[PDB]
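Novice: Listed below, chain by chain, are the residues.
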Amino acid sequence: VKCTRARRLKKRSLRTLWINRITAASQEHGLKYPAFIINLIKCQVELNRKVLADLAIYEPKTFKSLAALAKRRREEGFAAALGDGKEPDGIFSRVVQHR
Amino acid sequence: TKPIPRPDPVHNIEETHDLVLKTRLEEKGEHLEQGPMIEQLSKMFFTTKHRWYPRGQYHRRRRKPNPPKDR
Amino acid sequence: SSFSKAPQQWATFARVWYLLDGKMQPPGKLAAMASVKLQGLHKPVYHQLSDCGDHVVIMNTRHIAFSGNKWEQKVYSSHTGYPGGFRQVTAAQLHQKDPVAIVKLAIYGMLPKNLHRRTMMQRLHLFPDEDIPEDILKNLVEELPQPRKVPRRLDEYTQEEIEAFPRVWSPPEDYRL
Amino acid sequence: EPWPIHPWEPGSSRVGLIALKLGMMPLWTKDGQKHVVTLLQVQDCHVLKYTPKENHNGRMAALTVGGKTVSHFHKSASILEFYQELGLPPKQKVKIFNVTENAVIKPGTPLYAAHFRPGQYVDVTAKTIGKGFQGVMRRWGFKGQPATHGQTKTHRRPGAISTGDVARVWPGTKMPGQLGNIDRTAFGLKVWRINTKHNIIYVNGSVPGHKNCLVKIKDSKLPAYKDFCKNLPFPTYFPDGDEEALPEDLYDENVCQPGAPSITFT
Amino acid sequence: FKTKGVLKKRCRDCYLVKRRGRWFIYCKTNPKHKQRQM
Amino acid sequence: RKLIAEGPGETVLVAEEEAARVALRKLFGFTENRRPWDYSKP
Amino acid sequence: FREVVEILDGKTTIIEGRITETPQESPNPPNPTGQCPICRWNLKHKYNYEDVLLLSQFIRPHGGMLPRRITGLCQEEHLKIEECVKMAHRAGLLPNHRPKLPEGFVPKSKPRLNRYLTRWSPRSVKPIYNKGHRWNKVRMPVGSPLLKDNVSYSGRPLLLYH
RNA sequence: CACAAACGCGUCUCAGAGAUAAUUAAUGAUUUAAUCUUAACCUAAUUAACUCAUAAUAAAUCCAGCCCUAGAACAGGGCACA
Ligand SMILES: [Mg+2]
Ligand SMILES: [Mg+2]
Ligand SMILES: [Mg+2]
Ligand SMILES: [Mg+2]
Ligand SMILES: [Mg+2]
Ligand SMILES: [Mg+2]
Ligand SMILES: [Mg+2]
Ligand SMILES: [Mg+2]
Ligand SMILES: [Mg+2]
Ligand SMILES: [Mg+2]
Ligand SMILES: [Mg+2]
Ligand SMILES: [Zn+2]
Ligand SMILES: [Zn+2]
Numbered sequence: 051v052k053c054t055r056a057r058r059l060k061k062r063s064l065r066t067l068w069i070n071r072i073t074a075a076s077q078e079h080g081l082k083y084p085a086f087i088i089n090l091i092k093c094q095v096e097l098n099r100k101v102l103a104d105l106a107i108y109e110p111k112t113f114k115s116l117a118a119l120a121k122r123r124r125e126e127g128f129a130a131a132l133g134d135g136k137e138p139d140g141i142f143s144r145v146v147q148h149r
Numbered sequence: 072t073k074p075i076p077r078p079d080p081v082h083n084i085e086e087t088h089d090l091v092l093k094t095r096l097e098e099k100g101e102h103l104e105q106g107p108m109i110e111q112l113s114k115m116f117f118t119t120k121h122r123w124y125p126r127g128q129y130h131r132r133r134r135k136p137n138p139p140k141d142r
Numbered sequence: 002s003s004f005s006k007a008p009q010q011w012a013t014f015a016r017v018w019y020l021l022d023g024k025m026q027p028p029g030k031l032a033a034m035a036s037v038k039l040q041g042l043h044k045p046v047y048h049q050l051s052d053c054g055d056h057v058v059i060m061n062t063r064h065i066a067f068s069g070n071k072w073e074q075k076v077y078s079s080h081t082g083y084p085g086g087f088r089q090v091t092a093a094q095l096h097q098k099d100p101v102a103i104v105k106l107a108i109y110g111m112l113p114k115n116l117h118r119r120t121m122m123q124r125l126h127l128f129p130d131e132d133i134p135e136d137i138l139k140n141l142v143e144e145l146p147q148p149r150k151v152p153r154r155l156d157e158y159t160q161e162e163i164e165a166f167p168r169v170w171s172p173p174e175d176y177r178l
Numbered sequence: 083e084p085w086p087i088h089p090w091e092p093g094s095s096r097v098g099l100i101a102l103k104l105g106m107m108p109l110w111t112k113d114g115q116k117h118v119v120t121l122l123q124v125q126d127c128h129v130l131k132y133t134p135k136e137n138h139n140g141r142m143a144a145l146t147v148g149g150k151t152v153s154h155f156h157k158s159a160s161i162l163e164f165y166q167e168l169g170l171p172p173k174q175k176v177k178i179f180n181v182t183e184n185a186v187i188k189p190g191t192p193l194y195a196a197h198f199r200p201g202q203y204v205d206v207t208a209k210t211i212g213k214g215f216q217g218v219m220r221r222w223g224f225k226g227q228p229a230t231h232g233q234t235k236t237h238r239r240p241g242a243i244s245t246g247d248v249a250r251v252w253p254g255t256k257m258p259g260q261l262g263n264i265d266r267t268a269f270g271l272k273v274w275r276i277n278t279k280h281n282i283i284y285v286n287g288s289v290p291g292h293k294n295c296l297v298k299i300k301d302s303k304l305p306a307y308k309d310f311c312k313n314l315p316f317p318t319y320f321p322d323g324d325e326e327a328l329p330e331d332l333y334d335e336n337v338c339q340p341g342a343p344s345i346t347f348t
Numbered sequence: 063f064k065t066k067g068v069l070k071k072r073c074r075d076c077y078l079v080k081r082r083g084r085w086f087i088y089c090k091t092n093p094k095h096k097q098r099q100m
Numbered sequence: 278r279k280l281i282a283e284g285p286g287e288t289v290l291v292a293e294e295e296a297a298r299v300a301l302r303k304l305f306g307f308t309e310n311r312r313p314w315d316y317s318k319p
Numbered sequence: 035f036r037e038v039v040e041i042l043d044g045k046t047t048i049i050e051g052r053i054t055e056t057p058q059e060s061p062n063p064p065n066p067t068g069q070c071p072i073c074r075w076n077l078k079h080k081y082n083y084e085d086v087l088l089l090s091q092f093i094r095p096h097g098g099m100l101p102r103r104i105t106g107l108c109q110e111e112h113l114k115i116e117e118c119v120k121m122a123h124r125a126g127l128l129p130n131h132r133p134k135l136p137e138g139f140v141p142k143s144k145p146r147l148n149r150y151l152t153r154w155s156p157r158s159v160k161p162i163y164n165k166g167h168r169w170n171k172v173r174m175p176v177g178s179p180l181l182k183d184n185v186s187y188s189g190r191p192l193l194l195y196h
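Chains BU, Bf, BN, BE, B9, Bh and Bx, in that order, are what the protein sequence lines are.
Each residue of the first sequence is one higher than the one before, starting from 51 at the first, in the deposited numbering.
Each residue of the second sequence is one higher than the one before, starting from 72 at the first, in the deposited numbering.
Each residue of the third sequence is one higher than the one before, starting from 2 at the first, in the deposited numbering.
Each residue of the fourth sequence is one higher than the one before, starting from 83 at the first, in the deposited numbering.
Each residue of the fifth sequence is one higher than the one before, starting from 63 at the first, in the deposited numbering.
Each residue of the sixth sequence is one higher than the one before, starting from 278 at the first, in the deposited numbering.
Each residue of the seventh sequence is one higher than the one before, starting from 35 at the first, in the deposited numbering.
Heads up, some of the hints might be wrong.
[As the list claims (entries may be wrong)] Calculated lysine-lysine pairs in the PhoX-like style (CA-CA distance at most 20 Å, straight line):
#: 1; chain 1: Bh; residue 1: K303; chain 2: BN; residue 2: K6
#: 2; chain 1: BN; residue 1: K75; chain 2: Bx; residue 2: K171
#: 3; chain 1: BE; residue 1: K131; chain 2: BE; residue 2: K175
#: 4; chain 1: BN; residue 1: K114; chain 2: Bf; residue 2: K120
#: 5; chain 1: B9; residue 1: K96; chain 2: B9; residue 2: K70
#: 6; chain 1: Bx; residue 1: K165; chain 2: BN; residue 2: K75
#: 7; chain 1: BE; residue 1: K177; chain 2: BE; residue 2: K157
#: 8; chain 1: BN; residue 1: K139; chain 2: Bf; residue 2: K73
#: 9; chain 1: Bx; residue 1: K80; chain 2: BN; residue 2: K150
#: 10; chain 1: BN; residue 1: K139; chain 2: Bf; residue 2: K114
#: 11; chain 1: BN; residue 1: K75; chain 2: BN; residue 2: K30
#: 12; chain 1: Bx; residue 1: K160; chain 2: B9; residue 2: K80
#: 13; chain 1: Bf; residue 1: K73; chain 2: Bh; residue 2: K279
#: 14; chain 1: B9; residue 1: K90; chain 2: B9; residue 2: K66
#: 15; chain 1: BU; residue 1: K82; chain 2: BN; residue 2: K30
#: 16; chain 1: Bx; residue 1: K120; chain 2: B9; residue 2: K80
#: 17; chain 1: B9; residue 1: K96; chain 2: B9; residue 2: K64
#: 18; chain 1: BE; residue 1: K175; chain 2: BE; residue 2: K157
#: 19; chain 1: BE; residue 1: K225; chain 2: BE; residue 2: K235
#: 20; chain 1: BU; residue 1: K136; chain 2: BU; residue 2: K92
#: 21; chain 1: Bx; residue 1: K160; chain 2: BN; residue 2: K75
#: 22; chain 1: BN; residue 1: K114; chain 2: BN; residue 2: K30
#: 23; chain 1: BU; residue 1: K82; chain 2: BU; residue 2: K114
#: 24; chain 1: BU; residue 1: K82; chain 2: BU; residue 2: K111
#: 25; chain 1: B9; residue 1: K66; chain 2: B9; residue 2: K94
#: 26; chain 1: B9; residue 1: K70; chain 2: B9; residue 2: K90
#: 27; chain 1: Bx; residue 1: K144; chain 2: BN; residue 2: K98
#: 28; chain 1: Bx; residue 1: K142; chain 2: BN; residue 2: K98
#: 29; chain 1: BE; residue 1: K293; chain 2: BE; residue 2: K213
#: 30; chain 1: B9; residue 1: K70; chain 2: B9; residue 2: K94
#: 31; chain 1: Bx; residue 1: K144; chain 2: BN; residue 2: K24
#: 32; chain 1: BE; residue 1: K209; chain 2: BE; residue 2: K175
#: 33; chain 1: BN; residue 1: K75; chain 2: BN; residue 2: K105
#: 34; chain 1: BE; residue 1: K279; chain 2: BE; residue 2: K150
#: 35; chain 1: BN; residue 1: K105; chain 2: Bf; residue 2: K114
Hint data in this document are derived by calculation from the structure and do not stem from the laboratory.
Please put together the full structure from these sequences, using the hints given.
Specialist: Laid out in structure tokens, this is it:
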């Protein structure tokens with residue numbers, strides 16, 4: 051019974067561990083986890099927490115590039131919100147449809 | 072960057088007998104009780120005293136002799 | 002990148018000593034980052050089973066600051082086990098008796114309630130003032146920023162800034178101060 | 083090679099002695115009252131080692147004093163080495179006295195019962211008479227149960243020990259156990275007579291510990307006699323410093339000496 | 063002093079002052095009018 | 278005054294030896310970031 | 035500013051009032067249409083205990099408050115600024131606005147405990163020995179409630195009781 | 001009290017500093033008067049507690065046998081004067 055319960059809970063435990071590692075790596079770059087996640091999602095970058103943690107552990111340059119992209123997206127979103135202008139659009143804020 | 076510190080000094084060298092001088096730097100030894108030894112190890116490694124105590128037969132028999140190794 | 006196995010492992014799991022100034026800083030915010038560093042929650046290689054833990058040295062403990070009237074309201078209660086041996090000491094009295102105890106208890110509470118709490122607490126060093134032994138000083142790597150900005154006093158402001166700050170109201174000449 | 087002697091200060095403290103408890107004697111006062119004195123014989127008092135104030139406590143220095151001589155054949159190798167380097171035979175009881183830095187004495191200095199003068203207040207520390215594992219009635223003084231009103235196997239039982247709701251007993255509960263074999267200190271013991279030839283101190287009141295046992299004597303730390311050491315020899319008693327032999331027995335201003343005119347009231 | 067939940071002046075010389083975290087109706091002419099808000 | 282390689286170690290001598298090993302591997306081209314061996318049919 | 039000068043010359047007391055030059059208001063306020071000083075300088079919902087340059091403009095040299103009929107502020111801002119001045123004085127700001135006592139500065143006391151955002155007086159609050167349970171808890175007040183209308187760039191409400 | 005000990009009915013000793021709650025007055029604005037102040041600055045008269053000076057232990061690796069005012073066993077103190 052405990053084996054079944056722990057098999058169910060293993061996904062949650064590993065997801066929480068991945069989230070903690072992502073928080074560690076993002077705070078190491080001076081960026082918060084919710085902002086990093088939402089800005090990476092806004093850039094249409096569909097990478098799960100497992101891949102993000104693997105990149106943080108083994109690809110520091112790639113993870114720093116992702117953090118810089120997320121910070122750029124956050125800055126563009128803040129600038130757009132402050133401006134409230136339809137014409138001004140950020141370079142990385144453009145939305146690409148399916149092909 | 073900063074230069075590499077180099078420490079090289081032999082104060083056990085004696086001009087009368089270098090054969091005894093060489094063994095003067097190697098004949099250093101010390102023995103302490105279990106309590107003081109555990110306290111010293113904990114102070115050195117910044118840990119608690121509960122880790123250094125030995126374990127019993129029940130735990131020492133169940134350890135896997137050949138754990139799997141990756142990479 | 003192209004390191005041997007043993008040096009690569011040593012570099013990955015190397016311990017780090019951090020410095021933290023405690024002058025004019027809130028104990029809760031200091032203890033938050035102290036607990037983060039002690040647990041190793043700042044490392045992407047962190048794991049609960051792993052022994053990843055970093056040392057933190059906090060100075061200027063006696064110069065700690067409490068927000069609000071916590072100095073007069075917050076209490077610490079202990080019990081010696083013997084009947085009639087239950088004591089409740091005010092925060093000010095506890096700080097006067099031992100400056101370290103405040104931040105020590107704050108970090109002890111903020112740390113997780115497992116058996117590793119003692120192990121990570123043994124890695125913590127707290128000093129009332131800027132009097133740190135050289136053996137610990139030589140191990141410091143970096144200093145964490147202060148979580149709270151210390152406000153300036155009136156005399157600490159520069160005269161150019163004082164003049165640049167406009168006079169909101171004009172006092173009458175007939176009034177006496 | 084005497085160490086420099088510093089002037090007495092109001093915040094200074096003096097070193098103590100280690101004597102042997104001989105017995106008890108009566109002593110009558112000039113007002114007709116009768117007190118009981120205890121004889122403490124200073125056989126071998128010697129300063130063994132000196133510990134710096136910073137290395138011992140950070141407030142006061144520590145002076146180590148040895149008791150009466152013992153045999154070399156029953157002491158450990160480290161103790162024998164320490165005494166060989168010191169130059170003195172091993173002592174029985176080794177004690178530490180907290181003294182101020184201005185009253186330090188060179189190790190190896192002997193001490194005599196003339197260190198205390200007639201009329202002074204001393205504190206006595208010793209292990210009391212150990213009565214072993216004694217019952218609660220003898221230990222804490224608990225009253226027993228009635229002897230013959232039907233009580234069954236209870237005449238000396240402690241009775242109830244705790245409460246029902248607590249479901250446990252408090253650590254401060256008084257229970258039978260070891261009694262007597264512990265170090266106790268009696269404060270404010272007045273000294274009346276000092277015998278120089280035999281190095282004997284007559285201390286008023288009872289002395290904790292059995293006879294023929296080592297006793298640690300120091301000045302009174304009570305606030306009533308905090309500054310009584312001004313008239314006393316500050317560093318210690320030096321028999322060679324004065325170059326004058328003290329009388330055989332020094333009495334207090336109220337002690338009725340054995341040679342007396344048989345005082346009568348008027 | 064009388065401890066009350068509601069304080070009211072019993073004469074024109076009673077004055078209300080906030081001291082020690084409580085309210086106090088103090089009167090000098092009539093000392094019996096000393097009231098302390100609980 | 279140009280960094281060619283770096284190496285960690287427990288002691289300074291071991292770190293220097295590891296740095297020398299890393300520099301030698303970089304010079305010889307046998308690096309962890311090298312081209313993987315080509316397994317194809319020419 | 036008016037100053038009272040007393041001169042003693044042979045059992046004779048001379049009391050005189052002397053008028054000194056005083057600084058005036060800056061020529062250009064951002065909102066000249068505002069009747070209230072703070073409300074016209076657009077510092078409303080902006081100042082705090084940290085802003086000492088604004089609080090020090092109108093306070094007595096001994097740390098006393100200034101009358102509203104002379105200052106000209108609205109009632110709410112007057113109360114808020116009074117609270118901020120009290121908080122700064124309790125925290126330790128305005129070091130030069132204390133009375134000079136040559137006799138009392140020699141007998142030093144215990145070091146001043148560092149504090150900020152203090153609401154009540156340090157000498158009037160008794161320690162909470164019960165502290166309450168989770169559902170009923172005696173929360174510790176921090177800061178003055180009059181400052182709840184300040185601008186919040188983060189948007190999170192200011193915790194007045196913790 | 002038919003043991004050299006134990007015992008009371010017999011004898012000796014019993015403490016300095018800070019700190020406070022209630023409550024007193026100095027100085028002082030909001031509220032240029034006054035006002036002990038969930039306004040500051042230092043204030044002084046101040047309960048019991050509670051801590052701290054101070055007090056005790058606080059010299060590691062000889063322990064076969066013999067004594068002990070030391071002790072259930074285990075431990076501890078002595079075995080050179082004689
Ligand atoms: Mg599923
Ligand atoms: Mg016995
Ligand atoms: Mg009876
Ligand atoms: Mg019956
Ligand atoms: Mg019976
Ligand atoms: Mg029966
Ligand atoms: Mg229970
Ligand atoms: Mg006035
Ligand atoms: Mg009056
Ligand atoms: Mg103490
Ligand atoms: Mg022995
Ligand atoms: Zn009245
Ligand atoms: Zn207004």
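Novice: A separate judgement is required for each hint: does it hold in the structure or not?
Specialist: For each hint, the structure was consulted:
For the given pair, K303 (chain Bh) sits about 17 Å from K6 (chain BN) by alpha-carbon distance, which is consistent with the 20 Å threshold. Taking the CA atoms of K75 (chain BN) and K171 (chain Bx), the gap is near 13 Å; set against the 20 Å cutoff, the hint holds. Note on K131 (chain BE) and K175 (chain BE): the hinted pairing holds, with a Cα-Cα distance of about 14 Å set against a maximum of 20 Å. Only pairs whose Cα atoms come within 20 Å are accepted, and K114 (chain BN) paired with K120 (chain Bf) is accepted, the gap being roughly 19 Å.
For the proposed pair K96 (chain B9) and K70 (chain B9), the alpha carbon gap of about 10 Å is at most 20 Å, so the pair holds. Between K165 (chain Bx) and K75 (chain BN) the alpha-carbon distance is near 9 Å, which keeps this suggested pair within the 20 Å criterion. Between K177 (chain BE) and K157 (chain BE), the direct Cα distance comes to roughly 17 Å. Compliance with the 20 Å bound is thereby established for this hinted pair. Restraint check for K139 (chain BN) and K73 (chain Bf): satisfied, since their Cα atoms lie roughly 14 Å apart, inside the 20 Å limit.
For the proposed pair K80 (chain Bx) and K150 (chain BN), the alpha carbon gap of about 18 Å is at most 20 Å, so the pair holds. A hinted pair counts as satisfied when its Cα atoms are at most 20 Å apart, and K139 (chain BN) with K114 (chain Bf) qualifies at roughly 17 Å. Pair hint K75 (chain BN) plus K30 (chain BN) holds up; C-alpha atoms about 16 Å apart against a cutoff of 20 Å. Annotation: proposed proximity of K160 (chain Bx) to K80 (chain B9) holds, straight-line Cα distance about 16 Å (limit 20 Å).
At roughly 14 Å between alpha-carbon atoms, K73 (chain Bf) and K279 (chain Bh) fall within 20 Å of each other, so this suggested pair holds. Pair hint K90 (chain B9) plus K66 (chain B9) holds up; C-alpha atoms about 19 Å apart against a cutoff of 20 Å. Our distance criterion of 20 Å between C-alpha atoms is met by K82 (chain BU) and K30 (chain BN), whose separation comes to about 17 Å. Among the hinted pairs, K120 (chain Bx) with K80 (chain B9) is consistent with the structure: their alpha-carbon atoms are about 16 Å apart, no more than 20 Å.
A distance of roughly 6 Å separates the Cα atoms of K96 (chain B9) and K64 (chain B9); the hinted pair therefore holds under the 20 Å criterion. Proposed proximity of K175 (chain BE) and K157 (chain BE) is supported: the alpha carbons are some 12 Å apart, at most 20 Å. For the given pair, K225 (chain BE) sits about 15 Å from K235 (chain BE) by alpha-carbon distance, which is consistent with the 20 Å threshold. For a cut-off of 20 Å, the pair hint linking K136 (chain BU) to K92 (chain BU) stands: about 18 Å separates their Cα positions.
Restraint check: the Cα-Cα separation between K160 (chain Bx) and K75 (chain BN) comes to about 10 Å, which is no more than 20 Å; the hinted pair holds. As the CA atoms of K114 (chain BN) and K30 (chain BN) are separated by approximately 19 Å, the hinted pair is consistent with the 20 Å bound. Taking the CA atoms of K82 (chain BU) and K114 (chain BU), the gap is about 13 Å. The hint holds against a cut of 20 Å. Distance hint between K82 (chain BU) and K111 (chain BU) is fulfilled; the C-alpha atoms sit about 18 Å from each other, no more than 20 Å.
About 13 Å separates the Cα atoms of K66 (chain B9) and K94 (chain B9), which keeps this hinted pair within 20 Å; it holds. A hinted pair counts as satisfied when its Cα atoms are at most 20 Å apart, and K70 (chain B9) with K90 (chain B9) qualifies at roughly 15 Å. Restraint check: the Cα-Cα separation between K144 (chain Bx) and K98 (chain BN) comes to about 12 Å, which is no more than 20 Å; the hinted pair holds. The suggested pairing of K142 (chain Bx) with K98 (chain BN) holds, with an alpha-carbon distance near 18 Å, which does not exceed 20 Å.
The straight-line distance between the Cα atoms of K293 (chain BE) and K213 (chain BE) is roughly 15 Å, inside the 20 Å bound, and the hint therefore holds. A distance of roughly 13 Å separates the Cα atoms of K70 (chain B9) and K94 (chain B9); the hinted pair therefore holds under the 20 Å criterion. At most 20 Å may separate the alpha-carbon atoms for a hinted pair to count; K144 (chain Bx) and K24 (chain BN) meet this at roughly 17 Å. Proximity of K209 (chain BE) to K175 (chain BE) is assessed by CA-CA distance (about 12 Å); at most 20 Å being required, the pair is judged to hold.
Note on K75 (chain BN) and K105 (chain BN): the hinted pairing holds, with a Cα-Cα distance of about 15 Å set against a maximum of 20 Å. Only pairs whose Cα atoms come within 20 Å are accepted, and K279 (chain BE) paired with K150 (chain BE) is accepted, the gap being roughly 17 Å. The hinted pair formed by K105 (chain BN) and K114 (chain Bf) meets the criterion: a straight-line CA distance of about 19 Å does not exceed 20 Å.
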